[PDB]
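So the chains spell out like this:
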Amino acid sequence: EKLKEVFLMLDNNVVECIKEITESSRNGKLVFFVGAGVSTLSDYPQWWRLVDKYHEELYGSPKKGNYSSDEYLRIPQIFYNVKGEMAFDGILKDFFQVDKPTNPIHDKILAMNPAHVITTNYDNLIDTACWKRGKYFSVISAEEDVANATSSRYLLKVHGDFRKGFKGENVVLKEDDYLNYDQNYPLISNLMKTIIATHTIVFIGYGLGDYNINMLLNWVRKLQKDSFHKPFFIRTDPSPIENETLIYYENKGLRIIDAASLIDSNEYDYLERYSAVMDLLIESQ
Amino acid sequence: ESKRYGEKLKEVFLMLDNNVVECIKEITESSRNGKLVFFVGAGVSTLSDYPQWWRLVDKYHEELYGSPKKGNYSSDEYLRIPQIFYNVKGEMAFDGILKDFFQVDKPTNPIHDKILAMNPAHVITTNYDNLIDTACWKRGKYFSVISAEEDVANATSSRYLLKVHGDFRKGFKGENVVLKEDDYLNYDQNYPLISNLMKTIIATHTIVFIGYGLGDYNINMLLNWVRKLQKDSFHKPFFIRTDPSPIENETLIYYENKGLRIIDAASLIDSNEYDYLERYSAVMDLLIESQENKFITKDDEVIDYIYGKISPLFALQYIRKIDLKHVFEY
Amino acid sequence: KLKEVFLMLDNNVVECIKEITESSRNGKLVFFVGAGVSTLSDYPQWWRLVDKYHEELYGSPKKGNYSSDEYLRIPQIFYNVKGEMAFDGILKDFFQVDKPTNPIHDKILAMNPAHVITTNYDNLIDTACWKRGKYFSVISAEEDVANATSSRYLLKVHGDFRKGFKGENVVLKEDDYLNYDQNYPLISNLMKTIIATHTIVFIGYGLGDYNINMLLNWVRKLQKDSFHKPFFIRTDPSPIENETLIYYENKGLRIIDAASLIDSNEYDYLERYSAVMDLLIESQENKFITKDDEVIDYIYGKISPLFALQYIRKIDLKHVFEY
Amino acid sequence: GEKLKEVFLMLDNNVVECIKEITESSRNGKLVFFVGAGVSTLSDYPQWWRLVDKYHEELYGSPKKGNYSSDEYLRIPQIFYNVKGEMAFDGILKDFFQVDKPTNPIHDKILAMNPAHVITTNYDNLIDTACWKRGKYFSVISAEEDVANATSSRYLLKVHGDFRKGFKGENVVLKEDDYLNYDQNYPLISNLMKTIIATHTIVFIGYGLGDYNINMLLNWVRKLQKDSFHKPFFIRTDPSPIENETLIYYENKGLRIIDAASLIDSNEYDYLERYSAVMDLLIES
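Protein chains in written order, with this note's numbering: chain Y, 20 to 304; chain C, 606 to 935; chain A, 1029 to 1351; chain L, 52 to 336.
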């Protein structure tokens, strides 16, 4: 099969990344930075659907054509500012009460036995998967959870969850709390920065233009080059990435893993390349 | 067009909302009080068909990526695509692409003349045109141009024409302007004096925005500082919205509670979609005609004008008829 | 006697004094008054106030000497434990005694400054401005910046008791010292832009004040040629020792010290300030003694612009030389 | 020795509860001691005052005519760095700090308490020598690069740096500008210190009532949620009893102070017994 034959086709760079990730997994210093991609792979609603619901309820017109980059964090502000919080939390409840089954990628992530898992999402898919597999994890979703931790295995939830009710304050999806994230979440931010500093981070389910990736790159640039590791980024776009972007995001610290080049998958099959890259990581043992 | 525009403006003004009427009154009072400060953005320069950022980023994508960006090309790439170029091709290619378009002798739009006709104390400016200031000198108004940090301490007059993002006066180098992703991130650390000067003029002058769009990066960076300043410590800036489609009431409420005051040009005139020149001209002509009083019809307005221009002299036993001509602006 | 006193001056002093006069005649000089001009005549200082805070707080008088941090820690401790009422009462009792103006303030205002910036919560400079007949828009709180009445700024950086003798209106504790940029953004920006765009002369400060150090740290992030180095009129009764002078000149302070200029006593602060002030004022009416080099230089400085002009009539040459 | 039995009874609940919490943290392996100069002076170690005295001697040519100002302690060395030079600056560091001294019993008992991590602002090797002679492999983190090469999970966090790479002025934060340029120069060390403080229980030992480091740490604690941190312990060793009003002041900022002058009666400079009494009270329980 091609999965056995790809071990000879991988670029020496990719071979080095696979070896380093496997070594970090063996040493218990691997942290997976998961995002919206893996949750969406389990048919979980994406943020743009909630944006559309707010827009239709607020403006009265559907989607107003193509959304701008800042539009995804502006309409909820317009809703919270005039309509209030009651409708905001109600809409969040109706859209996000469903409990989607865990996708296989969540199973593979815990099968890799990571030291910690930093999640930017707002769902308990990883919590449910960990409870299924029996590997105990410590949930860190708010400032009150930093002080009280049972074991040194932190499920670092940076953006919050809906555990303390379906309310806006617990979860960071607005604009004001995006600017005031450092002020409102100082301990979790410090823990996140320290965890990336000490351990080896592999990014999963993220696009090269994501907000969190860009802010993390901004914080990385100020660091000493010889005193910091290069985080692994696994891109799952359906298009073959070009060399210029790879250089731009390589001198910026991230190590890009291109699933498009490794496996000839389709355009609307994220699961195929996600599973292929996870299996390539696992089979190295 | 002789009697067309005068009658059109007369019809527009006598139907305007009281909010816009108060906005016009306050702007005119500030202008005649030596306090108005203007904020011309990228929109005003495009009225003279000046090279826009989108064409430059399109060529940067074409050269760097081998082809222009497919589909929509507004996804924060305006700052990223150039930056990659600067981090791959280097300095000379960036400079060449910069000088290819920005080295054009373009005539000045009349909107600039209407702006300068308001007699503003300072004009904080963002675009890169060397013709925004040219319209200033072809009249009898001197404005000290401040573009880099070294020009702040060397200013001569008390009136500033501020190039916040820089300009190409000192050559067409890629380091004297704020274009790539890094400069926008390091603006507060590379141009501290210019930022302080900006916040100084903003706090002590009436601010009128023009040529911007609701959601531009600079407007947001100003609004967050405004919200951080204090409660009721700043005079609310005036915003001239000029987009073709009328503004929904919800966005108006949100932005006027965020610390802005919106004057939407698409509501008071029912013009066509792509008619930007007339959209700017309507509001600018309302301001100008309110300056020189081509709007007064009722006797009460006449007497209120006379009393507002003569009341301070009621404390003087007598005034020569010769210098009374100076009271009513000749 | 003073004519040859101007001669026994270091070339650095000679050029600094003429630069200050040029800025004053150009409407570009902004004075920076600090603690020491106020306490010159009779105004109470912070040390006795800290002493009474120790008395009301710690029971017994202060023993030894309190450190620099204690200057703000002790009032802060008193405010945190005993509350705002007693703090306000103590301030009201201390800061109500009106004191007459002193000639140093008249000399400062006699140089027609474009602006004056002070960290004094008193109105000594304010009253001297009113009594002399020179108008200044008083800016002490944020709300004043929006409501500025004129273009001349009497800036009270640390606040004042013009709206009432209350602890909030003045920066005295540690909280408002640490959270200054989070409480007074507008006035801080106005101070910074005034310092950047004008000429700043520090008077009353003694290199041991928080404001001077904050400003010097602010200077370090202003490129190289984008800023002018402010002058410094030091009046301590001790020579500068010529190494801290080097340090502060490298950091951006052209120090002028009164100890080298005149041989005053150790309790002669009035004379120490007055010597430099009279020396500065007397140089505003005339230039230094000239030679063959400078006379031609002065004439060329007053005539070179007229060179571009083809011809100039003779009657108005009095205006060129100012009568 | 044979007199603490009554001292247990004399001490009120405010100290008994602190001792109990310290013991519970010690038995759970979640206690960190933030020590500094003050237990270093007990080994006759050259204090900073001698260093600034030498600098002032080589700078103004005369000894101190009085008591040094609070800022002078940070300004006099800086003057020497700007007027004389850098080699002149570190010549005195090379010939003056480079001294062989034994480890006082307090340093050994600090490790006998078995702390999970120790954070120290000193520039010496006393703590390292005690760690080597006890056998607890503490990963020394003194420079910026060491954060990326932490062999063990237990960190000997020397925040201010070391002379191990050499007796150079750039390896230790001493000058005023170095204190001012601290977060910019040492992001990873600051992050690690903040996370260790947040996720553990910190005990201050050998500190005066107010110094620079405790001030900035208390400010960083202040810019937190009102219940996101555990109130740290402060062991005041000043010969005079601590006044109650300043005790309430320093407790309202989020500290719990245990003095020794109120606990035992001693002489003006016998700091060994003052540290020993409190350390025996802590270790015995």
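The reader is advised that the hints may include incorrect statements.
One-sided excerpt, in silico: chain L residues whose CB lies under 10 Å from chain A [unchecked claim]:
(1) 121
(2) 130
(3) 228
(4) 231
(5) 233
Which chain Y residues stay away from chain L? Per the calculated CB distances, all over 12 Å, these [claimed, not checked]:
(6) 64
(7) 87
(8) 93
(9) 161
(10) 166
(11) 193
(12) 205
(13) 206
(14) 231
(15) 243
(16) 291
(17) 295
(18) 301
Honestly, the hints are just simulated from the structure, not real lab data. Cβ coordinates follow ideal geometry from the N, Cα and C atoms, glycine included.
Right, here's what the structure says about each hint:
no.	hint	in the structure
1	121	holds, 4 Å
2	130	holds, 6 Å
3	228	holds, 9 Å
4	231	holds, 7 Å
5	233	violated, 13 Å
6	64	holds, 31 Å
7	87	holds, 33 Å
8	93	holds, 28 Å
9	161	violated, 9 Å
10	166	violated, 6 Å
11	193	holds, 18 Å
12	205	violated, 6 Å
13	206	violated, 5 Å
14	231	holds, 18 Å
15	243	violated, 5 Å
16	291	holds, 36 Å
17	295	holds, 31 Å
18	301	holds, 26 Å
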